[PDB]
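Listed below are the residues making up each chain.
There are 2 protein chains.
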Amino acid sequence: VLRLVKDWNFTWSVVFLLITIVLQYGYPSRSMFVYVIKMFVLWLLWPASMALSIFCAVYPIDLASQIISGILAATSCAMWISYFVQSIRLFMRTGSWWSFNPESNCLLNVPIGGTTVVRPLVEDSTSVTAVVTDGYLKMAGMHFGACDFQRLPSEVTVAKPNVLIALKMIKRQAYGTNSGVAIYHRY
Amino acid sequence: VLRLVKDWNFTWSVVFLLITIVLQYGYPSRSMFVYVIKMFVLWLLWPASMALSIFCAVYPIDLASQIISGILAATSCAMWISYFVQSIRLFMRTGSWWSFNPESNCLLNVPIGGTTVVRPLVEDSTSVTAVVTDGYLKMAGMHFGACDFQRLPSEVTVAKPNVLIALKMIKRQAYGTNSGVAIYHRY
Ligand SMILES: CCCCCCCCOCCOCCOCCOCCOCCO
Ligand SMILES: CCCCCCCCOCCOCCOCCOCCOCCO
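From first to last, the protein sequence lines stand for chains B and A. Convert by adding 12 to the 1-based position in the first sequence; the result is the number in PDB author numbering. Convert by adding 12 to the 1-based position in the second sequence; the result is the number in PDB author numbering.
These are computed hints drawn from the structure, not numbers from a lab. Among these hints, one or two may not hold up.
When chains are identical, the list treats them as one kind, so a pair holds in a single copy or across two.
[What the hints assert, rightly or not] Dumping the calculated SDA-like pairs for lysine to any residue here, alpha-carbon to alpha-carbon at most 25 Å:
(1) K18 with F28
(2) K18 with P123
(3) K18 with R131
(4) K180 with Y47
(5) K183 with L75
(6) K180 with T127
(7) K180 with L75
(8) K18 with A86
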């Protein structure tokens, strides 16, 4: 009687605190470790929410509760399909693991020498500003590592889950020997 | 017997789906509406997680479970105090409501004419790039609305929850009559 209550509450207390943690610190801009915990919680949350609605539809309070449970069941299923479609289509255009981050669907692809570095774009703009400070690149407010201003890519790819856009370098200014600025516009 | 199970499960099914929604779409870069739902969920999650641990400490499985519950109770309380301290200190330096967003603790303050517009900074850098395109301002990859390039602030404030930084305009270039670029560095 009381023992079953205690095991029930203890397990749920752990889960609710875990949801609070991933809801407060589960962001790649805060802690990459907590972000992966949130993603594992969200991956488990889709079928659990669906399966919980399947239960409330098999054992409902009334007919309206049975229908609502089925609507919520499809809702959990539709959100997972939607997430998988966007993340897959983004991953095929980028190959980066930021494609699976629901928080960001705009990705900036910049080729630095051999490989291409992908970073999430917060604001989808028609223009992106490149700033090389003494040999260190900063694209659209976020750093991209070391790169020579002369070896700046003439084209930069932005990847949304439904379209891949290319940005050609319109303007190019050099502040120093390796310091400079450049702009990119779509077409 | 079975009826209590049905009402209990139906309520939790709604809650778990709501957590899934706010965990998947609760971001200001996706939907401002879903973001506020997440914040209401998180504000309710702190005392609920604490109160649930208080229960498992009053009615524990064993002595170790009683101690763990008390540790989680203080953990839920410490995270809320931490969030409130950062958000308040940020709100006093900025006055913006983005200070209460746990996802962002770096805020960019740019004075556009009469008032000052604040936007969250993803990457805390020592430099911030200003780009005015035909009379539209873009600071660090995100737009700030209409502004004249001539009317660009000589100083821009960055506000972290523990320090307020000022950025003086080092370089200034004009691409056109109202189009131009500028950079800001801290001190
Ligand atoms: C930037 C650093 C700021 C300070 C960091 C503080 C670190 C957090 O401190 C928390 C320690 O406080 C102890 C809280 O006490 C826990 C209460 O537990 C009750 C035990 O119940 C068991 C009963 O059998
Ligand atoms: C930024 C760091 C700020 C640190 C602040 C930490 C504050 C933590 O508060 C600790 C208080 O929480 C302890 C909760 O324990 C109470 C449980 O009560 C159990 C009593 O059992 C009665 C038995 O009948």
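Now the hints, each set against the structure:
1. Within a single copy, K18 and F28 get their C-alpha atoms as close as 15 Å, and across copies as close as 21 Å, so both meet the 25 Å cut-off.
2. In this assembly of identical chains, the alpha carbons of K18 and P123 never lie at most 25 Å apart, being 56 Å within a copy and 56 Å across copies at closest.
3. Taking the shortest Cα distances, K18 and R131 never come within 25 Å of each other, neither inside one copy (46 Å) nor across copies (46 Å).
4. Proximity of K180 to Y47 under the C-alpha cut-off of 25 Å is found in neither arrangement, the shortest distances being 34 Å within a copy and 34 Å between copies.
5. With identical chains, the CA atoms of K183 and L75 are never at most 25 Å apart, being 64 Å at best within one copy and 69 Å at best between copies.
6. For the homomeric pair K180 and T127, the shortest alpha-carbon distance inside one copy (19 Å) is at most 25 Å, but the shortest distance between copies (35 Å) is not.
7. Taking the shortest alpha-carbon separations for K180 and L75, neither the intra-copy value of 59 Å nor the inter-copy value of 66 Å comes in at or below 25 Å.
8. In this assembly of identical chains, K18 and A86 lie within 25 Å of each other by CA distance solely across copies; the values are 19 Å between and 33 Å within a copy.
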